[PDB]
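Student: Residues per chain are reported as follows:
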Amino acid sequence: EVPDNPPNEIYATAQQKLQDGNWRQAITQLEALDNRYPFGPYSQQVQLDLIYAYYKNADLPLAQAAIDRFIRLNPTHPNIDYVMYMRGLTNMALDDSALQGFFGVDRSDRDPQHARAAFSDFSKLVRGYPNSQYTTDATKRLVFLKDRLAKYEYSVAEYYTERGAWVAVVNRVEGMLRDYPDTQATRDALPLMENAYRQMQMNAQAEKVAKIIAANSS
Amino acid sequence: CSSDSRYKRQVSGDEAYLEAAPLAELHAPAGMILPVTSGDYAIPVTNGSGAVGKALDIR
Amino acid sequence: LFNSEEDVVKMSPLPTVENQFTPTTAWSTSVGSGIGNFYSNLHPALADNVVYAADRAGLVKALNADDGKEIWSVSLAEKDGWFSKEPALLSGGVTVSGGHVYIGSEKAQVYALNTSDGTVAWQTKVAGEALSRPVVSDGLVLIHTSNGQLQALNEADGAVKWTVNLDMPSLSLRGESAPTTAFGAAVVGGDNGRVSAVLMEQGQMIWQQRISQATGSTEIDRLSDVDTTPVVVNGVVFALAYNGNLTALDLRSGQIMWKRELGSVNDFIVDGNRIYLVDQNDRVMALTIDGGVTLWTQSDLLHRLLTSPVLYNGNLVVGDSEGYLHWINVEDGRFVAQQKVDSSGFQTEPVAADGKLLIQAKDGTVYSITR
Amino acid sequence: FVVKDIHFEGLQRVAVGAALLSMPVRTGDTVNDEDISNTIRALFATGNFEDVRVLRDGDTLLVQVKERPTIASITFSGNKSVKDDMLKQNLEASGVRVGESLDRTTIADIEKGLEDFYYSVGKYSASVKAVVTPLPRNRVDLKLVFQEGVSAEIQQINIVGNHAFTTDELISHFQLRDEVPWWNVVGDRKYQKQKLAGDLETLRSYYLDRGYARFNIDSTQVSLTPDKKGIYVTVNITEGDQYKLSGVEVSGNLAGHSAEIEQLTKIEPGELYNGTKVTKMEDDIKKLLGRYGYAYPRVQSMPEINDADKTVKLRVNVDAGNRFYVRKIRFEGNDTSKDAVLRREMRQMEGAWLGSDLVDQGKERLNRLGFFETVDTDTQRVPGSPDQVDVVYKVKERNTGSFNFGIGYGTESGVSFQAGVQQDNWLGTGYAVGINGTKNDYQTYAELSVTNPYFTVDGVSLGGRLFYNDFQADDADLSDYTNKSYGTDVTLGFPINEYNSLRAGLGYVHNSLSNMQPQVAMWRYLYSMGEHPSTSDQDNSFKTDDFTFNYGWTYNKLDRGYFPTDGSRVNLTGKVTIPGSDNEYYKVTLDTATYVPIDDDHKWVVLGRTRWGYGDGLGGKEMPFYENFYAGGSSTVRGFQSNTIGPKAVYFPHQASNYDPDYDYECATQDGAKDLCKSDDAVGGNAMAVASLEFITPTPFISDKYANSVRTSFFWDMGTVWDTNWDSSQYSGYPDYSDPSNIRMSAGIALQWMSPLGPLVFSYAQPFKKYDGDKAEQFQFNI
Amino acid sequence: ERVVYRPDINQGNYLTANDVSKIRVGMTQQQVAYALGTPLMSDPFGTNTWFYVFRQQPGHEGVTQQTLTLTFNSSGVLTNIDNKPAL
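Chains D, C, B, A and E are the protein sequences, given in the same order. Number 193 in the deposited numbering belongs to position 168 of the first sequence; there are no gaps in the numbering. Number 75 in the deposited numbering belongs to position 51 of the second sequence; there are no gaps in the numbering. Number 357 in the deposited numbering belongs to position 336 of the third sequence; there are no gaps in the numbering. Number 496 in the deposited numbering belongs to position 473 of the fourth sequence; there are no gaps in the numbering. Number 58 in the deposited numbering belongs to position 35 of the fifth sequence; there are no gaps in the numbering.
Take these hints with a grain of salt, some might be off.
[What the hints assert, rightly or not] Straight line, CA to CA, 27 Å or less: simulated BS3-like cross-link-like pairs of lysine-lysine:
1. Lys111(A) - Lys31(B)
2. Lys45(E) - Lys107(E)
3. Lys213(A) - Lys31(B)
4. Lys111(A) - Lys27(A)
5. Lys166(A) - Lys280(B)
6. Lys31(B) - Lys626(A)
7. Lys31(B) - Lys106(A)
8. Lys149(D) - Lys78(C)
9. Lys103(A) - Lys152(A)
10. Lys152(A) - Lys90(B)
11. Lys78(C) - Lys81(D)
12. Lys213(A) - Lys798(A)
13. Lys45(E) - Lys233(D)
14. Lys45(E) - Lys236(D)
15. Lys31(B) - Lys135(A)
[As the list claims (entries may be wrong)] From the structure, some residues in chain A lie toward chain B, with a derived Cβ separation under 7 Å:
16. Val173
17. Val183
18. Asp191
19. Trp205
20. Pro249
21. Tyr255
22. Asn259
23. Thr261
For the record, the hints were derived by calculation from the structure and aren't laboratory data. Note that beta-carbon positions come from the ideal geometry of N, C-alpha and C, so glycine has one too.
With these hints in hand, go ahead and build the complete structure from the sequences.
Tutor: Written out as structure tokens, the structure reads:
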């Protein structure tokens, strides 16, 4: 797909095949301008344009690889915030996404193992670039990137209330407490540790958790 | 390829992370307190700008 | 599948098949299957008009050297072994001195068979299977085995006089590693690329010169089968390293008179100032003894895996592992005769004795050749 | 001289400044002719510069550089079986690759390094030449010819130095093949030094359990036989003497388990010393302490070899951890399921001391989950915690459910459809959900099958089945074989043993038939039913509400839940009737699935498959004609058509069977053939003996990424179905199946395709031995 | 209901009666932690109370229990070893 030119014509194909929407064409030119010439001046912009080719082609592992090809090779661009935008968003869709969500089929009970990354890479956005043009989009994702990480811990907190592992309830809930300070499922985790304690004959500790619910009613 | 009936938009897909706003904060009463902000999931929500989710610009 | 998973070796043919002095056989006197396809250091011996020959399956013969008929025909169907009447697997060659057919077997044993009847007058355990023919001399039965050991067995009665380590082949670096007694030292190379003098009276290393390397940093292959055992002429150790690196050095000090210490020499003799040698191309070349000046060379038997270039019937004789015998000019490399008395090929050096050419092929076992 | 300008001529991976800083005559520094000579070498010290010509215009330098950045391609040739990536790696070890700077010093560093790579593969007989093929603007190509002569094969290992524990039994734990003459080709025997490394320690464990605690290998020396294949290894060993495991001195942190640890170290004092049992008695203690909450059970037997009586004494030094270790566990790799679906599959419970077995059996339930691809874990220590280890079960899940269908063509008729789909582990629940059924122009079928596999968390498996077949066969009407069948079977799975697991069920079989076919064996069972239905017409009805009791048994001695390779699972399922049933009968059936590896790489695996059944009346009755056994294509004997294998009925002298359609579905009726007309369809028998004989095979062109999920399997599938209660008087001039020997056979290859919808098996198979009434479609695809 | 016998459900994390004898009121947390290690549950809103609490049911024939808490003070010095039997 790449004509062997100087990389600028290969960039001239690349930026036009970006505007084509043919990322399949655009990735090949965005790479092979830099493959035979690893001295492209827009290579940091290529590493922006590659994710812009990758994410709009849904190439989230390659978009994460272009982040590494941005960060290791040329992070001189202060679009690291864009890269921290294009990392916390890239690990977001790569964690748990399907076409089943037209009427509400579950995807938060699943493993948020890459939504764990999508929180932190957006957390690197809102910390390493707190005033940046992308912190606001991160903040909207980051709340689901805590709460789906909360509701999965709630999904572990719920079964030990069912199984009878009441120690493991308290280990699940107070971890969900100390991690997630505002998620409602943490208030839903809250009476389980109490009802764990009543099964574990710590009803004094449970009534303290019932006092927590009394002030986490607010 | 495309549908021979030339019809799209029959599904909306998953976009739920795009809109999540911080829920009702937990207020631990004194003597019953637990430090709820130990992990990074007490989000460093900061002053930055732009639209929400993925609809914001991608260079 | 397995027609494609296996692979093959490459060789070259033998030009100039000659019959000018028309080569014949003196008598064909086969033992059985002899040295076999695994390279053993089994070569037969001829003494007293009686070719005391042997094969690794056990049958040690006494071929009466007019027709090669077995004077005695006994077997070394193995007695200690790990099973009664196992094949002998004669790793060392047939040494005959006195009333013993000394043959080193792969049981780390040198069976010494009474040459009147081939019965074991003694046998003695060595350390490891024999990379060397048992060099029986000076009251000693000297073997350089695959573990680098100079085993000195007692010659007439059998007793390990000493076993001392030498240049040690780390693998079974196949080749004649043998200790040759010279000036009071069992002057010995060693199949890892050195040459050395080791005091023959008790096994004391007089010197050892690293001639070249083997199994590392000058890497030798699986076809690498090169003697380091010295052929000392004029008090000068003319020998090789294991990669074929030819050298000429002092006998009891090791000081290099000249060298071809880059060489690919497989087999070599020192014919005056014409060192006839087999390079890794399996080709004949005469080198000097004040240097390695090529007086003449020959590639008319190219990649025909040569024996040692010997002199018999007025021509330079060498066999191969393809069954070709050759009668080379002793000067510049002309086939004067060519005999394919076998086709299996000659893993023995030609025993040009009794005015004949007693040759033991690997499976087309002992013939004798005249022209 | 002092430079005022440098002419930087040709870099292509080097900067102008990166050249300049490499120049000691950088623009502004002094220039000397030695400093010019210091510049050619230091620009060569960039490693990217093929030639450097530092010249100057008085002092103003002109540095003519030839360079070797990006290698534009690398060409491989002469590699018949070794792949180019294996040839790429040692080339990459020499600091060159495509799109990277060449170094012409590293040309032979590829080649001999690949020969040293060829040295490792059981070859050395190989040469490489890295041919630098230049390309535009500086670029290059590494053309790599591969002059590989020949790899080695193990010929004859010569073990030296043992005569009291003889060499011949030390050769006994190896295995090779023979006979490749191009027309009787069998196997290969290629030499590997790493296999030979495993060969020598197998010799060590060969000695160690006999008593030989002084066994050692003196040296090991492989032949450089000039055949370039010859492997003849001079292995000097010292066999040592036998010893006696004569006493145990178990010690250390036995963690309060001193008795049961000593039960693990129970020996015969004076048994011929078994160092393998000594090895076995050590990790015996480790599983015991691991189940007792000690994740770090450091056990060290010291067999102090007491040569004075030719014995050993077993100084066992044991060091357990501390009381608990399971604080919590984590689940990772569950992107399509809930964690509780696999937490109900797990048996190690948090807030407890560690049960090492409780981890693995729960992982074995995960190994028999089927909605997994691997079961791995991260049993990581909570640091600074003698009672805590957190077990991150990082497993890999697998897709759920599969579709099935059997229609021939759509949009060609009325409202008519055939359904069927699986959603076992429904959206991550564990619920085995598979529902089929078909409302057509011949039937209206609905069938439901659901399972709550964990009604309780003991393995109590609430599985229910329903079916409702509004089936009339609708040739014109009810006139041709109505069979309305409906009922249920709700069952429960429970491990009495988790290998030996029990099955039971209750069969409510409400059948409502009318105008059944005039077949002789069809009326024969109805004659045994006490009815006397009309031979001359399909006008007769049959309502049987059979109340039957089912049973069965599971054997589970087989590894995986989705792609097994070794073991056997035996699967009983039978039935019987009760007082209250409309027919008093029984029927027993049993299947097995045995997995034996041909070679122990488990990619050549025998698949032991057979099917046997039998049924009869409990007393005065018969196992029903709708309970007869069938086979054919799209089955384990496939290559035929569907329902072709079995006994064959015969239409009676038959008439207008409430109007059999006029010369349509002629069943000896008023539409011709009014006689005892031979019916080539499988009426089936009360017994069955059919089987499948298939082999797991590797594929070298389908990648073993998924040639281990594509199970390429040839077969010679044969089998017979027959009737032990067959009337050879009613079928005297007809197919008689009282004989059990009615062998059909169809041989071919099945092609399993692990899709996103799971395994998809398609096949072609030619019948080479058939029998009565076999219809054959040689291409048999199974969705 | 009408269940004859059920397979049991267990949950450990408990101090034994030997573990009560190793400790005493006055003992630092760490002298407990040298012999009895860490609990798998402690007090997340009060003082140092090391919960070692056991649960088991004997197959729908009631339910057994062994709560054993270690209420140390804020300094980790033990103030209460509350052994509680079956509920």
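Student: Evaluate each hint against the coordinates.
Tutor: Verification of the hints:
1. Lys111(A) - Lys31(B): Distance of about 26 Å is within 27 Å: holds.
2. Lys45(E) - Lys107(E): holds, 17 Å
3. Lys213(A) - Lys31(B): This hinted pair holds, its Cα atoms lying about 19 Å apart.
4. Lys111(A) - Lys27(A): With a Cα-Cα distance of about 45 Å, the restraint between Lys111(A) and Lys27(A) is violated, given a limit of 27 Å.
5. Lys166(A) - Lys280(B): Answer violated: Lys166(A) to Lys280(B) is near 37 Å, above 27 Å.
6. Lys31(B) - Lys626(A): Outside the cut-off at roughly 35 Å; violated.
7. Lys31(B) - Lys106(A): Status holds; Cα separation ~22 Å.
8. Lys149(D) - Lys78(C): Given that 27 Å is the threshold and the Cα spacing comes to 17 Å, the pair holds.
9. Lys103(A) - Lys152(A): Roughly 16 Å between the alpha carbons, so the hint for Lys103(A) and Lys152(A) holds.
10. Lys152(A) - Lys90(B): Distance of about 54 Å is beyond 27 Å: violated.
11. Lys78(C) - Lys81(D): holds, 11 Å
12. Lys213(A) - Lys798(A): Violated, at about 48 Å.
13. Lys45(E) - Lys233(D): Roughly 30 Å between the alpha carbons, so the hint for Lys45(E) and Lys233(D) is violated.
14. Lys45(E) - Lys236(D): The given pair, whose Cα atoms are some 35 Å apart, is violated under the 27 Å limit.
15. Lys31(B) - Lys135(A): holds, 19 Å
16. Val173: holds, 4 Å
17. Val183: Holds - the Cβ of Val183(A) comes within 7 Å of chain B, reaching about 5 Å at its closest.
18. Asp191: holds, 5 Å
19. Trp205: At 6 Å from the nearest chain B Cβ, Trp205(A) passes the 7 Å test, so the hint holds.
20. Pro249: Because about 4 Å separates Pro249(A) from the closest Cβ in chain B, which is inside the 7 Å limit, the hint holds.
21. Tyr255: Hint holds; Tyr255(A) Cβ to chain B Cβ min 5 Å, cut 7 Å.
22. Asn259: At 5 Å from the nearest chain B Cβ, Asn259(A) passes the 7 Å test, so the hint holds.
23. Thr261: violated, 11 Å
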